[PDB]
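Assemble the whole structure, with the sequences as input and the hints as a guide.
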Amino acid sequence: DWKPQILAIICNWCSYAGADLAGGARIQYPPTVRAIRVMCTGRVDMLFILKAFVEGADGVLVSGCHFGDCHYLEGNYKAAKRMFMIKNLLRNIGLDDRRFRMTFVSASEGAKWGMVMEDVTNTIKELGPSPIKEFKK
Amino acid sequence: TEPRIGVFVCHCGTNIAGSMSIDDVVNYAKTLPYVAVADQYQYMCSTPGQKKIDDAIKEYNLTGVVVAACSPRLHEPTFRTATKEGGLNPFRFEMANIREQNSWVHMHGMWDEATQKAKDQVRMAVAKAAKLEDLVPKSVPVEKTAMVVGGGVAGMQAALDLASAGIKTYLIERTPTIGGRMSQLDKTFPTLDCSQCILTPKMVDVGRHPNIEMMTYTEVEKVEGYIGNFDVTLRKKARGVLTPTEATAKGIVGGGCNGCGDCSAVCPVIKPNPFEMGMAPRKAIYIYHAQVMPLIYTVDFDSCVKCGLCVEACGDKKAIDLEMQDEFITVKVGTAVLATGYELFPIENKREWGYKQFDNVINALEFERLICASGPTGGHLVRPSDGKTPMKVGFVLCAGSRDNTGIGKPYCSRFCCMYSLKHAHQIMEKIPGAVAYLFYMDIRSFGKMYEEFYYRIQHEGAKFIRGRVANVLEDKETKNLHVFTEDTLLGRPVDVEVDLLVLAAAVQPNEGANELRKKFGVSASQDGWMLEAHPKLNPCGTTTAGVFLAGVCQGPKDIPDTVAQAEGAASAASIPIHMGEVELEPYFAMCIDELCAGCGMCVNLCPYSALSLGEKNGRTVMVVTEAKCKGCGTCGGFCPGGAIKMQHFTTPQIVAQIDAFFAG
Amino acid sequence: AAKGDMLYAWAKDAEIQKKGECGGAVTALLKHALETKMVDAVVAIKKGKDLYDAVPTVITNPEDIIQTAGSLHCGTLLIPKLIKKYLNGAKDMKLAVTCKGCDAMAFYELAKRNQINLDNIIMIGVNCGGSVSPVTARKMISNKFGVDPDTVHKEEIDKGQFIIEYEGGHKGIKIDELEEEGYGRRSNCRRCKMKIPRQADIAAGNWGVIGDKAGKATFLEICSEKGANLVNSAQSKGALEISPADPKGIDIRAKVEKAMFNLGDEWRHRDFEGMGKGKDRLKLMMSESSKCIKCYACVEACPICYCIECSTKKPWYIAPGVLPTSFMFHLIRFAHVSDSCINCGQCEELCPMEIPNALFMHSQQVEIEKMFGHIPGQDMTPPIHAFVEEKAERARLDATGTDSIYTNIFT
Amino acid sequence: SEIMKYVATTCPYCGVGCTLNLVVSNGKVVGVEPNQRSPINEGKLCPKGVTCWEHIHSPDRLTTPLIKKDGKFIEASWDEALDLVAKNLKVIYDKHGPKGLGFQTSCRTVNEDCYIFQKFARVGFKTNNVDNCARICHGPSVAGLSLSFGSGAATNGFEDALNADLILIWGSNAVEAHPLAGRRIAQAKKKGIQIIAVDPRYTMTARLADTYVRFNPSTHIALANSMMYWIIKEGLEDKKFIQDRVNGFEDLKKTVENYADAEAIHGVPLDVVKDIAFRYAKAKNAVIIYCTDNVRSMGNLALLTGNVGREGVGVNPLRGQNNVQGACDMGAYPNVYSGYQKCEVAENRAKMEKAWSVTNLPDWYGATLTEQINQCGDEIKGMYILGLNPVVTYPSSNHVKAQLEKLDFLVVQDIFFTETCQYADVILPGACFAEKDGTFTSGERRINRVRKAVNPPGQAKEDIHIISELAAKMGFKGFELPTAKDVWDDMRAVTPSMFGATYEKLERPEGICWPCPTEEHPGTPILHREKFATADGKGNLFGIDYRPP
Ligand SMILES: Cc1cc2nc3c(=O)[nH]c(=O)nc-3n(C[C@H](O)[C@H](O)[C@H](O)COP(=O)(O)OP(=O)(O)OC[C@H]3O[C@@H](n4cnc5c(N)ncnc54)[C@H](O)[C@@H]3O)c2cc1C
Ligand SMILES: Cc1cc2nc3c(=O)[nH]c(=O)nc-3n(C[C@H](O)[C@H](O)[C@H](O)COP(=O)(O)OP(=O)(O)OC[C@H]3O[C@@H](n4cnc5c(N)ncnc54)[C@H](O)[C@@H]3O)c2cc1C
Ligand code: SF4
Ligand code: SF4
Ligand code: SF4
Ligand code: SF4
Ligand code: SF4
Ligand code: SF4
Ligand code: SF4
Ligand code: SF4
Ligand code: SF4
Ligand code: SF4
Ligand code: SF4
Ligand code: FES
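Taken in order, these protein sequences are the chains called F, A, E and D. Under the deposited numbering, residue 140 is the last one in the first sequence; the count climbs by one each step, no gaps. Under the deposited numbering, residue 668 is the last one in the second sequence; the count climbs by one each step, no gaps. Under the deposited numbering, residue 412 is the last one in the third sequence; the count climbs by one each step, no gaps. Taken in order, the fourth sequence gives residues 5 to 295, 305 to 562; the numbers are from the deposited numbering.
Where hints are given, some of them may not hold.
Heads up, incomplete: computed chain F residues facing chain E, CB under 10 Å, no partners named [unchecked claim]:
1) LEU24
2) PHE107
3) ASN125
4) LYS128
5) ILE135
Only pairs whose alpha carbons sit at most 20 Å apart, straight line, appear in this in silico EDC-like list of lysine to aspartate or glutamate [stated by the list, open to error]:
6) E:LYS140 with D:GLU523
7) E:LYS47 with D:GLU6
8) E:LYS314 with A:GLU598
9) E:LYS85 with A:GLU598
10) A:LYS649 with A:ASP138
11) E:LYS145 with E:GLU180
12) D:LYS193 with E:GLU368
13) D:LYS244 with D:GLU324
14) D:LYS194 with E:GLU182
15) F:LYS140 with E:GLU289
16) D:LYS193 with E:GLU355
17) D:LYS194 with E:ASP272
18) E:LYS95 with D:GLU6
19) A:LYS360 with A:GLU347
20) E:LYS280 with F:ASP99
21) A:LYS336 with A:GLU225
22) D:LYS194 with E:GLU180
23) E:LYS86 with A:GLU598
24) F:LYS136 with E:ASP281
Some residues of chain E that are not near chain F, with every Cβ distance over 10 Å (derived) [unchecked claim]:
25) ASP6
26) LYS47
27) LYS280
28) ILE385
In case anyone wonders, no lab produced these hints; they're calculated from the structure. Backbone N, C-alpha and C fix where the C-beta goes; we use that ideal spot for every residue, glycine too.
So this is what it looks like as structure tokens:
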């Protein structure tokens, strides 16, 4: 039974609030994703995601605020640019670009957070362990 | 080696202990790299919990503390205060959310897995806390002055509110008088009170207040700085006439311009009056109207011929200086309020209404001036074509509004329905037997006592044709106006004959308002008005700190809504002045100038314009205005060189969390 | 003679014309600019010990400019980074630099980053059909031409073939035949598509010269007002000869440029598909990058890398001392550079361990360019991350028809 | 006023001899740039080469001569220090013969410095107590490979391994130290060449290998003997090569037989030793890259399989230091004159008498750096040190300190104020590689050129200038050598091996390999092409038994 290793970097104001609301509503989801809780998900550098993938992450999830709903008014657009370029980079280096995703969860969507956890867990179990672990890292 | 961290795990009374093994979590934390003590307690948000935290801090000499409990947004201030009481910096505390994210979502049949997730969360929290520094709270002092740009009702209200709060305030008015648009109105909907009558006490209060410097006939030349200290350079336009204070300062004991008016009586130059929409004559030396706050009689220098007759008209008082130029004043303010107001949309476009080519077609402000008793005539509405009183007046509502054709405006001007009703009432009252026709397309009486006003207007005899005017022709013999539209109710085409046609034109920001709002770093909205900090919960604020918006410059409004907005802006501006300090965000960005390369990419990356490129030790580096930064982290996450330090969320601390996730 | 004209230019002085490669117009222009005191120095290339040794030189004394006449097809080096390092980005010196297409692109990439001052630099760029590494050139000459390299008097690339004039005659071989063997132009030059540097101040070449001026005139394209003023002054002071270009010359010039673009596309396809795809490409890149010994010459030579202290040196990304470096070392460079890489090739040819850095970097470059639509080396538009627009991101998210950045992005 | 000037110079940090461009701006080195014309490295440099310019203009560089008077050092003039050195050296010589003086040089100095050093040590006072740090920094490899092949230098070049088929790295940090000699291994990996590493720990170099073999430390000879025993057992030895070019085969057959299954003497299983041995002896061209019995046994492997006098073959020790080859070639060695001319034989002594205007050359075996240090108080009193820092470098630093204290009148000429300098009585500032104008001799025997980039800081001087001034003050004749080229010509005029390598030929980027007798000779990149350099034209192999640690 191989245990997937998904890392999440979720902003304080919307995604973290959404996860808190999901917990408050007693919405169940598998215990596979652990969070980081940056302030604005525009704090997320590309080197964070790449370091996670190198260190042995099986999947990476970054959750922010809906466009036009950022607490700092522009962070999620910078994050979106960075994550689009990250998807390019993971495809072009031979990694599966579907191992990484960025979601937009607001503070009122706990059920959406549970659905996202289920979907990410299912996708990563389908893809299997990261190839980077086998090749000498 | 030096960091010693204490881990404390809360049971939350079988809320956490019912889903995971707390003993396993504690015994695991006892073996983490930097851990001096690991303890468990039932309710650590209670006073015994704080007592235990303090006792452990004192007896193990902990460098930092990690609490495995509910979400930080619930009890982070609580445990920060707990840690501060005990001899540790508040921001040396770290929290692991093991209830909202581990115990309440993994209840059923997930016991070993939930414990493993708790171990991972505690590991990541300890890894972050081992690299946490001391964040001493710091603040920026605030200059105890305020600036209000715009002397209208919004600017006047904001200035009076700030002054009566005990704050010295500058009121900067472009025109020689403050009153604004309200001074041009004859009556006010829906109460029909005289506008000058309700506004004159406010104007004299502004003029008399010791805490307000009323600088009229001047504008803002440039602005620099931030919320703590705005250095604003103003140009005092050459007024040409001295006030008694300025006359005494100049040297002569003779007073300056008691307002007698002899100069205007002898001036031989005639020019249009902007206050009367250009329908009335005025001299080169003049006042807008009799009820001007500073009764000081400006001279129009680009129209004066320097004949020097007004100086003999003003002898022994020497109030007139024909040969002085604009001065520049550098003022040091704390906050600023923008109240620039509005102007009329140019309805000379939209050719099917003959505003400029037909003589008996006028706009609403011209109508107000023509029907006011202080206007070019004795309040007698007369036709511009021949001066005869009209018996039939049409009102074209929505003139240039809700228009998506690119000529007019796509928004509603908010008050054109109400003052059109007021104008219809005024014509039907002042001229007996006159009939008002209102060509309307969605009558909008939304405010308090507005629907009752609409009912009363209909009851007094006003005709409402529900149809946007298609076009307007004029008869060559009698300059009467044929108005062609459809009565969509009754479903028939209609050609209405009117002696006078009044266009309820849309409103737009005043000329030069966009340059001013760029000068203060305020962004425009997609309608072209000044943008708000938050459209819902901060109607007065702006993204730039220390700048607040009041009045129609934020968007078209009624006088009561404008006054409410102005008072709110005054309160928001007074708050930092009253406190005397602006507390910086606990987690601002710092530039490590030893690593900056002066590329300047990050400058355009901050929504709040905090980042700028400046010299330091002869090198071009980045400078962070801490008063503007908000700890978003966008710049720190971008800079390739790692020259920006997001404290409490630094790159070393976040990577430390990621490293510990993939550890044992 | 004004912003977009095509001209035939040569030198009044017979010596410059004779030593100049295709009419000495570039050298005459540089010499005149240094005479007239428009610039304080000229950064050019001169022969070192032989014709395979190309050395950058800063010339302040004008009568030393004739030594720089003529091109060196073995000079595979990049001027602008040297300017940034050793001339303070020309922030006090007005400079006149002769440059290739890659050199102009590097100029613009460094100007986007405030590293140099383009208002103090005149770019007289030249067309480039490709360069050859000097050791590789000597290996071709000794192996495929059957000639001792020391005896070679001149070597060049014309009409799609490598020609060497050596004592006893001249030989010529199609560049494609050499490239199919493992010789010829540099790997990045085969993929290059910046043939005519229209982003420079003047663009000088020998394509489109026809008839009586086959090798006696230079084709000048005036790409700026600065270059127009320079050429007008050179013509006025009697130091340069200008003639209108014959239109059919421009026709063949455009045809040759299009053929070069097609060849570059062919080589791009060949190399990028030769890397592999899927897990095999990842295995290739990780096995290649495992050889790195952290010389940092890839970082120090790349125009885009401008930082004071590279992230590859910070201890929380790369653990110091451990020589079998993690894959993170090259992923940092991929993240930072692959958006705006000008395919200069310096990273690949300064690498002691023979790691194809330029191949990988350009492979991400082409994908980034086709999705974001940002062409690196022109017009000083900010890098894709230095300037993020609202509508652009909203449209990019809406184009995928999905509420998240997960799938439906690529074809 | 040379706003940006490129100066081509050889890297001073190891024996590969990479070429780089120092950048001079207003008379100060400001950076290092690639030199793509060089065939050695094609403009490529290791971490050290990229940052070889930092120490040139350090503030701690010595600028004036220092003299020790009753304790702390005092600045002095060149005349005062040189006169003191001359007086004390003459007194010591006249009192204690040739035995007393001892001469130590570094293998970092240019060839001219080492040659003029040994010339001064012999043309004046007649002793050959002159040595270098090669004995302790590189090792005894040269002596063993000289016993095997006649000459101890590397037989083939570096890129010649690209023509091989089974590059065999034998316990080397090739990519760690001398990384651009491992660039060739990486290139051969790209070309598709078998590579075998026998590093006793798994390193960067062993990662390029197709096969990796780990063996217990200090058991190289046992594994080599096992390989040779199997190659002899199944007759993969080159009989034709052995008959006409190698002697001593029967004794090898006698010796090697006792190592049929040498497991537990080395940790390599029998199938692995058999596989690697057969792979070596079956490839037509195979090259060994090594890093005295160990190198002698490596020589025995190459002789048995006939991989010496050809392209892409041979044994290539890496040599570890910038001019360890040049220092030994120029005569900075106890019992050789120049180009390994074996002072023992009288004919070379007569030749040096004829060409040096001197009489009664020593003829006796000198003392090495350890020998001089051990007897540094009893009979060796007074000694000249050219670039070494013996206190730090030698094991048991306290013993070196004590014996340096026992001596009288140490001279520790150097560019930096090291821990040895404060035991000295006179300190003469030197010059770094960027301020000299000599030559280096890389490990592959190529003679590369060092060029003057900047001036020395203050009153510092090149070692040739200092030694010439000292000889002028001591009255010795034969040192009127104003420039390094004159010293090079003087060196050429005596040694027959390097007669044809003029500065005109060395100005070419390719340089010149060391066995170059005639002026039109294009050098000798491949050693022992036709015959070996022993007493007869046959290289002799030896039988080594395994002595446990
Ligand atoms: C025809 C008409 C009839 C109306 N009737 C009614 C009614 O009956 N009842 C009602 O409640 N509302 C009525 N309104 C709306 C009312 O006029 C507005 O709500 C109100 O005037 C807005 O207040 P304000 O001070 O923001 O506008 P303004 O009075 O326009 O404020 C702008 C002031 O700032 C000055 N200023 C502008 N730019 C600068 C600058 N760059 N520097 C310095 N000073 C500057 C201007 O000179 C002016 O003094 C009517 C509007 C119109 C057009
Ligand atoms: C490597 C290379 C390849 C070229 N390939 C082509 C080609 O395929 N087709 C074509 O039409 N033109 C090509 N050119 C340009 C061609 O040489 C021009 O026709 C000519 O150089 C300009 O005309 P000219 O004789 O008046 O200039 P010149 O008087 O010859 O002046 C040449 C100038 O270029 C400088 N220079 C020389 N070598 C280099 C170098 N390696 N990098 C940068 N600057 C250098 C010299 O310092 C001098 O300032 C190439 C140039 C180079 C350097
Ligand atoms: S700190 Fe949180 S988890 Fe602990 S008892 Fe209080 S509310 Fe419950
Ligand atoms: S004449 Fe003099 S006092 Fe009278 S209104 Fe004019 S300026 Fe004022
Ligand atoms: S000087 Fe000017 S303001 Fe005075 S009366 Fe003459 S025209 Fe009028
Ligand atoms: S307020 Fe009335 S007249 Fe004015 S735009 Fe709105 S609907 Fe039309
Ligand atoms: S902080 Fe970073 S991005 Fe900003 S100017 Fe400095 S180096 Fe450039
Ligand atoms: S954290 Fe945000 S607000 Fe603060 S300087 Fe950086 S980008 Fe600007
Ligand atoms: S990269 Fe392009 S411009 Fe540069 S040398 Fe190669 S072909 Fe010429
Ligand atoms: S130049 Fe090559 S070996 Fe050096 S750090 Fe870059 S990739 Fe690694
Ligand atoms: S990464 Fe390499 S190929 Fe790309 S621009 Fe930089 S040096 Fe040139
Ligand atoms: S690789 Fe990235 S961090 Fe390093 S110098 Fe280049 S841009 Fe800066
Ligand atoms: S390999 Fe040796 S010679 Fe070459 S740069 Fe490195 S240390 Fe210097
Ligand atoms: S605060 Fe969540 S996206 Fe910025």
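Right, here's what the structure says about each hint:
With 10 Å as the threshold, the beta carbon of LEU24 of chain F stays out of range of chain E, its nearest partner Cβ sitting at about 18 Å, so the hint is violated. Contact between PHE107 of chain F and chain E, as hinted, is supported at the beta carbon level, the nearest pair being about 6 Å apart and thus within 10 Å. The interface hint given for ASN125 of chain F is broken, as the beta carbon of that residue sits about 13 Å from the closest beta carbon of chain E, more than 10 Å. Below 10 Å, beta-carbon pairs count as interface contacts, and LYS128 of chain F has none with chain E, the closest being about 16 Å; its hint is therefore violated.
Taking 10 Å as the C-beta cut-off, the interface hint given for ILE135 of chain F holds, the closest approach to chain E being about 7 Å. The hinted pair formed by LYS140 of chain E and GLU523 of chain D meets the criterion: a straight-line CA distance of about 13 Å does not exceed 20 Å. Restraint check: the Cα-Cα separation between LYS47 of chain E and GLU6 of chain D comes to about 16 Å, which is no more than 20 Å; the hinted pair holds. With a C-alpha separation of about 15 Å, the suggested pairing of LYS314 of chain E with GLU598 of chain A holds against the 20 Å cut-off.
For the hint pairing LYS85 of chain E with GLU598 of chain A, the CA-to-CA distance comes to about 18 Å; that is within 20 Å, so the pair holds. Annotation: proposed proximity of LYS649 of chain A to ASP138 of chain A holds, straight-line Cα distance about 14 Å (limit 20 Å). For the hint linking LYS145 of chain E to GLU180 of chain E, the alpha-carbon distance of about 12 Å falls within 20 Å, and the restraint holds. Between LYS193 of chain D and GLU368 of chain E the CA atoms are separated by roughly 30 Å; this puts the pair beyond 20 Å, and the hint is violated.
Taken as a hint, the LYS244 of chain D and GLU324 of chain D pair is honoured in the structure, with Cα atoms around 18 Å apart against an allowance of 20 Å. Restraint check for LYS194 of chain D and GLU182 of chain E: the C-alpha separation of about 15 Å stays at or below 20 Å, so the hint holds. Restraint check: the Cα-Cα separation between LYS140 of chain F and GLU289 of chain E comes to about 12 Å, which is no more than 20 Å; the hinted pair holds. In summary, the hint linking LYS193 of chain D to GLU355 of chain E is supported, as the alpha carbons are separated by about 11 Å, within the 20 Å threshold.
For the proposed pair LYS194 of chain D and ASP272 of chain E, the alpha carbon gap of about 16 Å is at most 20 Å, so the pair holds. Between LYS95 of chain E and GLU6 of chain D the CA atoms are separated by roughly 17 Å; this keeps the pair inside 20 Å, and the hint holds. As the CA atoms of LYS360 of chain A and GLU347 of chain A are separated by approximately 17 Å, the hinted pair is consistent with the 20 Å bound. Of the pairs offered as hints, the one joining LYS280 of chain E and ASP99 of chain F holds, with about 9 Å between alpha carbons and a cut-off of 20 Å not exceeded.
A threshold of 20 Å between alpha carbons decides the hint, and for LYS336 of chain A with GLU225 of chain A the separation of about 14 Å falls inside it, so the pair holds. Distance restraint check for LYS194 of chain D and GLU180 of chain E: the Cα-Cα separation of roughly 17 Å lies within the 20 Å cut-off, and the hinted pair is therefore satisfied. For a cut-off of 20 Å, the pair hint linking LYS86 of chain E to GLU598 of chain A stands: about 17 Å separates their Cα positions. Our distance criterion of 20 Å between C-alpha atoms is met by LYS136 of chain F and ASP281 of chain E, whose separation comes to about 14 Å.
Non-interface status of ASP6 of chain E relative to chain F is upheld: no Cβ of that chain comes within 10 Å, the nearest being about 40 Å off. For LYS47 of chain E, the condition that its CB be more than 10 Å from all CB atoms of chain F holds, with the nearest at approximately 40 Å. At roughly 5 Å, the least C-beta separation between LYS280 of chain E and chain F is not larger than 10 Å, which violates its mark as non-interface. For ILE385 of chain E, the non-interface assignment is contradicted: its Cβ lies about 7 Å from the closest Cβ of chain F, within the 10 Å cut-off.
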